[PDB]
Amino acid sequence: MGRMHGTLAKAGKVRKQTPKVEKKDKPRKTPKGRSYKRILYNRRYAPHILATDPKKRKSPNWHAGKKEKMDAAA
Amino acid sequence: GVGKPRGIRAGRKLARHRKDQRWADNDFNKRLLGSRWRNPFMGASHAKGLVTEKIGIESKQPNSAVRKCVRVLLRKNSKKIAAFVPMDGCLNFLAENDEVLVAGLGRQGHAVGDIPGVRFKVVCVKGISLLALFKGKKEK
Amino acid sequence: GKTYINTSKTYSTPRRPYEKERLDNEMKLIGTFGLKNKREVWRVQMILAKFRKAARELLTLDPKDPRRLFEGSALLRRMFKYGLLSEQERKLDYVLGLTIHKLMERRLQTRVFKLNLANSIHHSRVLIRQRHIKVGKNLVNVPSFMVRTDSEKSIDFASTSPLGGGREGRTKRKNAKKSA
Amino acid sequence: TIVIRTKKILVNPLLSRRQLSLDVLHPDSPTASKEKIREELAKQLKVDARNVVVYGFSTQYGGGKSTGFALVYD
RNA sequence: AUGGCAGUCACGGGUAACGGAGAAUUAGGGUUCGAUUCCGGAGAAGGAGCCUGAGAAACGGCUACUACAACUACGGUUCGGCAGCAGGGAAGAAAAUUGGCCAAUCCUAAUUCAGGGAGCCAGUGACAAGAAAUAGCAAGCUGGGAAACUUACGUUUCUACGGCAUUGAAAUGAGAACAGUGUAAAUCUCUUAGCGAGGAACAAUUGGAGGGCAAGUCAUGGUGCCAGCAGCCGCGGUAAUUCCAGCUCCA
Ligand SMILES: [Mg+2]
Ligand SMILES: [Mg+2]
Ligand SMILES: [Mg+2]
Ligand SMILES: [Mg+2]
Ligand SMILES: [Mg+2]
Ligand SMILES: [Mg+2]
Ligand SMILES: [Mg+2]
Ligand SMILES: [Mg+2]
Ligand SMILES: [Mg+2]
Ligand SMILES: [Mg+2]
Ligand SMILES: [Mg+2]
Ligand SMILES: [Mg+2]
Ligand SMILES: [Mg+2]
Ligand SMILES: [Mg+2]
Ligand SMILES: [Mg+2]
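Just so you know, the sequences run in chain order BX, BL, BD and BP.
Following the deposited numbering, the numbering of the first sequence begins with 1 at its first residue and continues without gaps.
Following the deposited numbering, the numbering of the second sequence begins with 2 at its first residue and continues without gaps.
Following the deposited numbering, the numbering of the third sequence begins with 2 at its first residue and continues without gaps.
Following the deposited numbering, the numbering of the fourth sequence begins with 2 at its first residue and continues without gaps.
Treat the hints as calculated values from the structure; they're not laboratory data.
Any given hint could turn out to be false.
To be verified - Calculated pairs, BS3-like style, for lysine-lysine (alpha carbon to alpha carbon, straight line, at most 27 angstroms):
| # | chain 1 | residue 1 | chain 2 | residue 2 |
| --- | --- | --- | --- | --- |
| 1 | BL | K127 | BL | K141 |
| 2 | BL | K127 | BX | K13 |
| 3 | BL | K136 | BX | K13 |
| 4 | BD | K138 | BP | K9 |
Unchecked claim - Anything over 10 angstroms on all C-beta distances counts as not near chain BX; from chain BD, calculated:
| # | residue |
| --- | --- |
| 5 | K65 |
| 6 | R78 |
| 7 | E90 |
| 8 | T100 |
| 9 | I101 |
| 10 | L116 |
| 11 | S155 |
| 12 | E169 |
| 13 | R171 |
| 14 | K173 |
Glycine included, every Cβ here is placed at the ideal spot set by N, Cα and C.
With the hints as extra help, turn the sequences into a complete structure.
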């Protein structure tokens, strides 16, 4: 256990260390209000989803990344 | 049997018996004798104080870390209080001898998690929020 | 300030903040009746609940009882005018059977859409918020308007707006008034 | 054009006037200025303009109507 | 004369206690509040004492003391008493304008016409309540489904419905205005001309994705028991589903 650089117990350590990563600029925007719950209904409780096997229904966040949105659309 | 009277003239003995046994219920006890009012907050929701000390507190087993804290002198009480300072490097937003706003930790008089015995948290510094400061909405 | 106007609470919050079955049902409701915002379904729930407490208290009572007679009569008469109840069920027991599905179906959105006056359960909700529809002698700008069976006759567009023969709005005007 | 339905009419000898509830129908137009409502009312009831006081007008939501009150002194 | 009260709780403490009408919850039974719109009671810095009246122990009356407030040429004086309204100071975790009127409501008076910080009007106001925008409809390209067939990929429609830093014109309020409504006047609303929508704008947040508890099966980056998270169980000691962040997703 011979790797040590910073003093133990320094206050801001982990937050200061963390690189600043910028929030991605979104093409267009996220609809506010009713329209959003429309969007949700569509991608979640809509007829086609219901028609599929309820035990095989796919969980809402399964994809973090876009490669599986490409695998989902195919 | 049942060790309890059932009879129509038995009313007062019943009600008195409860008026007695009720005392064993803790929240009732603590309520009924002023207990709230004597605590460092004097019954209150939050309190303002001055910072005596910045202090590190080594966490309870089985955790190791240094919990950032402060000892505050409550302006209403002049009682001394040991309070925790939340999130990350927020101990830096504090200077010795500032005005500070302090609340319970959510156990109403008791300590939470690995911080032993410390019952309070820091909310405001000078006038501003620790949240406001952390996310960097405002500046001190 | 002394003031004697009365207090209201239109809705209620569930004992259990997260339960799938319930959340899913609520989103099926929000979906089909084109709502936004869960509390809308909650306030509908509240309303239904009131109706049911009424029917229940009345079923406590003797069938001969003057109060059950009068107030029961009043409750059912109150149903027809809203068309929550079909012609055949005038018995207090059928009140209890009321579905939120029936009661939301009495919405002004639900009405405008299903009247072929709007393409979509959503198209509707803008329209009646756009000031584009008249109900009876008034102009109803409110989606939550519970529809009089009797006013279902006169639901047509506002004489004010286009679709009512009124002047074409600022959009068409600004497009058309720029020549070539 | 302005139509005026005259509604609730109380003959009040005590103050020697007639008290009136008014209904103005202006289906294509903004709320009617009192000058016009006065003049149309006087036209109806045959009295002088400055013998009629017109007050408290409420246009409804959507703008076909107004309800108001009038007084006509002897 | 020797009574009167007391275990059927006297007497005496405590109350971060004014009593009700009522309020929050409520299967039922309960629990917990009621300083605060109405009705009682009490008080006007603390005590006491008065005048005058039909009514007063008044307090926007006087007298005295205790503790204070304002002038003073020091000898004197005050129509000195915010628990009236507005506003200060202080205390605190904690609470608005030194505004406009008697138009309404009522009260008072020798009185139709005078007065009223009662009251009303406006300001401050995420105490709290009600309704409710933040986009709608199609199109071109795609997914998806459902059919037929073709035996194995082509066709065709779409009573599912989706998705596009892609096109199209309509619809309308937020904004802002002539006028009209409203007012004691002023503001606001309401009705309405002339105006006011294509994208980091007219762009919603606040909290969360291990369990309780809805939501990650990121081969994501940082940190390596540190910084920190965690109501509770616990997460972190170099592959963190729990910290710091990015994406996404949930409430
Ligand atoms: Mg307990
Ligand atoms: Mg809690
Ligand atoms: Mg432990
Ligand atoms: Mg944020
Ligand atoms: Mg006000
Ligand atoms: Mg009490
Ligand atoms: Mg009495
Ligand atoms: Mg005051
Ligand atoms: Mg006067
Ligand atoms: Mg609100
Ligand atoms: Mg104006
Ligand atoms: Mg736009
Ligand atoms: Mg995370
Ligand atoms: Mg977090
Ligand atoms: Mg990692």
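Run the structure past the numbered hints and jot down the numbers of the failing ones, going up. Result: no hint breaks.
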